[PDB]
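Here are the chains, one letter per residue:
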Amino acid sequence: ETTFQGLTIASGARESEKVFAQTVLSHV
Amino acid sequence: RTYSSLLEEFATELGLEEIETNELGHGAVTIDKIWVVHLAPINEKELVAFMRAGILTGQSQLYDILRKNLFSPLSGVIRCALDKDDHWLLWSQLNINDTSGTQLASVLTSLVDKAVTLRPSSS
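As given, the protein sequences belong to chains P and H, one line each in that order. Numbered per the working numbering, the first sequence finishes at 343, counting up by one with no gaps. Numbered per the working numbering, the second sequence finishes at 126, counting up by one with no gaps.
It should be emphasised that the hints constitute simulated quantities derived from the structure, not laboratory data. Possibly wrong hints are sitting among the right ones.
Said to hold, decoys possible - Straight-line alpha carbon distances no greater than 25 Å define the calculated BS3-like cross-link-like pairs of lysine-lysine that follow:
id, chain 1, residue 1, chain 2, residue 2
1, P, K333, H, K87
2, P, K333, H, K48
3, P, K333, H, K36
4, H, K48, H, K36
5, H, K36, H, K117
6, P, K333, H, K71
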């Protein structure tokens, strides 16, 4: 975790968001 | 450039140690604890950066977005889809070799800004 141009940012995501991404990516 | 070296560049640009990716190269950054920008290769030459934003506010937004959904000579252009629940899905599609850590960071900040509204660094 750091600060970048006013945003707090970290590598990673909650699992449901990863699931959502997996869904979108699997339908293109 | 490779996909993985591009992600290294992007991590360094942002000041993170690493943007981890799963088996298929899917990675993510969490922004202000709540937003998530996802990164993935989509074909041999291209990647995407994308996020789910909020529910559509009204018919007015659909026109606004469609009036702007025009071809561009620029790269890192933010485009907008709707998901099945009328949430905005904000996305940019980029060439792995043509992009930089800096442009990816601009994409990230533009994605986040849109959501709200709805080699050395070149910053």
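Margin query: For each hint given before, does the structure comply? Return the numbers of the non-compliant ones in rising order.
Written below: As far as the earlier hints go, 4 and 6 are violated by this structure, in ascending order.
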